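Every protein chain but one is kept in place in this view of the complex.
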Amino acid sequence: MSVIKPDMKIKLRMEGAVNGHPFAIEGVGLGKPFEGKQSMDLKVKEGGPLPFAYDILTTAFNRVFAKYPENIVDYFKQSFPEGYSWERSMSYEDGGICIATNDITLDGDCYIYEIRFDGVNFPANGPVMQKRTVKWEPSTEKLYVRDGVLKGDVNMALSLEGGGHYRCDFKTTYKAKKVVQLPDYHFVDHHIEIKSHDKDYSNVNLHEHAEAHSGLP
Amino acid sequence: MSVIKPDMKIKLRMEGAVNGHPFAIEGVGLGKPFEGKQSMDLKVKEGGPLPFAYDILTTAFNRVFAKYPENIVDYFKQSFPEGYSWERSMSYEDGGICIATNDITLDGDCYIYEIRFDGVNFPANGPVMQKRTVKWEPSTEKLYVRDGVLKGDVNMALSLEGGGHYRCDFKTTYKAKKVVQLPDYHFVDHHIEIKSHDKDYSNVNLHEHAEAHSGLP
Amino acid sequence: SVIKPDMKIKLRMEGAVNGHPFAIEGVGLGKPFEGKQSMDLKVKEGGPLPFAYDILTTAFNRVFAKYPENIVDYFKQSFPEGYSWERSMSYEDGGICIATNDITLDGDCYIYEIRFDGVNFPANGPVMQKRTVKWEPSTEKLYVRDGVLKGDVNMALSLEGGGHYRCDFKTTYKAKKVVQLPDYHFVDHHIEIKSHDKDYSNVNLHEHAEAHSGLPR
Partner (left out) sequence: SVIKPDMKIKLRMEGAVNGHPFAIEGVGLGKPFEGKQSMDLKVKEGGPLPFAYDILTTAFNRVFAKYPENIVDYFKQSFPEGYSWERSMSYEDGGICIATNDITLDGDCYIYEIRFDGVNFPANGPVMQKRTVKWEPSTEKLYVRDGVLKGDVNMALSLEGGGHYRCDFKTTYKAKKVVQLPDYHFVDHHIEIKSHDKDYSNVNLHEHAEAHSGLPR
């Protein structure tokens, strides 16, 4: 509680590849960990203009930014100052698959992310390579302990240009760098949105709102 | 709206098999479709005492019983008097897999279910065949239209005897027997509970509470 | 010694696909040591089948596989008491079937009791639209797990007008008595509908199968 604040900053670099084509993106942002709200500005540094839907990247750009009620243990805020890392697979219904990692540290009032992102087997005529996505729908992540660490699974869906949805299943493993108290089974509602972007997504402004809860009584 | 009521009745028969061993269960219940609450009493008629965790069956024992706000189209209540059917696969993390169908009709104030349930590849030393499950956790189902019908996917988890969770992914397809208005992407929170049961689950009293919503703003 | 060079087969399958029930009976003959068999199948209920017959055919016994002397034959050892199998068949478009077969022996005739169930086949997919031509030949991978025998296979249906539709099989085989367990091995398969009438009310089906150990070193 001594290393967290109502207003915190964020710096990140992501290095990655999709279908074997490499890229890099850097980001600067800020957020309110107790309000579960954050935003950031992202710039493509290498590999631009990106030949795939930017939306596949956005959830890689920290569950610290989620409003936790007092009756649910907060694995993430506990993990600082040491921080935590996460690993994630994102399996799309047409066989496209991405995996990503984020190592999160803290310097003063600024979270620092080192992100790797890789994706393969996206069909050339699919919504990802043809940039036919509109946005992620809001979601509810299911979090539970497994082997002394925290898992989070979520059914995600991208709405598509001209209607319909493109589904993806997320499986995330979260690992605190120190021993923290482990939570009971719980949920985090999310809503991630690209608020603005330039024509080729070289510049993107991204927002997330997230709140933990215990489901129906 | 002429064939629905604040209080409705339910009759069902399920015929099925798990790992090749057949069984049959009948049920009688009642519920409040606008409150999203229901309960029923279930009796094993054949194949008892069941050699597997009763919990795998319980979600087969109707999304009519979910509280829908006025701003979300209600695919289910619209579908009557003709009714609707559903198909579901339930894929467990240890390779166990169940599929089920329910054809739902309506007679007076009573819903009538014809249910088939089949499951295979449950390991002999797994939580299902060793009856090590405690209950399903509450959940949030994600519902979206695909090919003119309604899909519902949910990350489910069974809490286990002595701690931890056993995960299962549900994919349901819902099919109205007449043309109804299709909803936008939305959610249904659920909480299913066995309220009471006898020693070998020959008799079970089952409750569900469910409410639709639109996620975080 | 209860296994003769020429043996007979009788079966009944009861099943449902997308909730629509059907029943099929079969009479055949095969040569266990040659790994070849054939049979005539008749739809008894639910005809004309509204789905691709090909999804059913591998449900219609690894006794009919030529094993070399240097590979333990789990199947031929299991008689006269017999064995059962359970199988999930997961199609790439989300269609999923599960099946069971209880196999017994009466004189020189194998008797099969088969249950088959399938759900979530899209209305416009190759199964509901009857766009399949045949299964490609395949190589099943077999290995022991928990004292029983597993067999996994990548299957593909060739499609009318070109291309393939993929399905992953996961089978569990369970001898009714204790038999000697094999090392990791393979069975090559080729299953074919040799003839059928217009609506597949009558089908003549053949299979050739041979076990092997793969490439050496």
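So that you can tell them apart, the chains are marked A, B and C in the order they are listed, and the count of residues begins at 1 in each.
Here is the rule we go by: a residue touches a chain if its C-beta (ideal position, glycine included) is under 8 Å from a C-beta of that chain, and two chains touch if they have at least 3 such contacts.
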item	value
Interface partners of the hidden chain - shown chains only, full complex considered	A, C
Which of C:77, C:158, C:201 or C:204 contacts the chain that the document leaves out	C:158
Option touching the unshown chain, where A:116, A:132, A:191 or A:197 are the choices	A:116
Among C:70, C:139 or C:202, the residue in touch with the chain that has been omitted	C:139
Where the missing chain touches chain A, by residue	17, 19-20, 85, 87-89, 95, 97-101, 103, 116, 118-121, 123-125, 146-147, 149, 171, 173
Residues in chain C touching the chain absent from view	136-139, 141, 143-145, 152-154, 156, 158, 163-164, 166, 168, 184, 186, 188-190, 192, 206, 208-210, 213-217
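We adopt the following convention: only the chains that are shown with their structure count from here on.
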item	value
Chain contact graph, described as a line, ring, star, complete graph or other shape	line
Whole-Å gap separating chain A and chain B, where each centre is the average of the chain's CA atoms	31
Computed distance of Cα centres, chain C from chain A, in Å	44
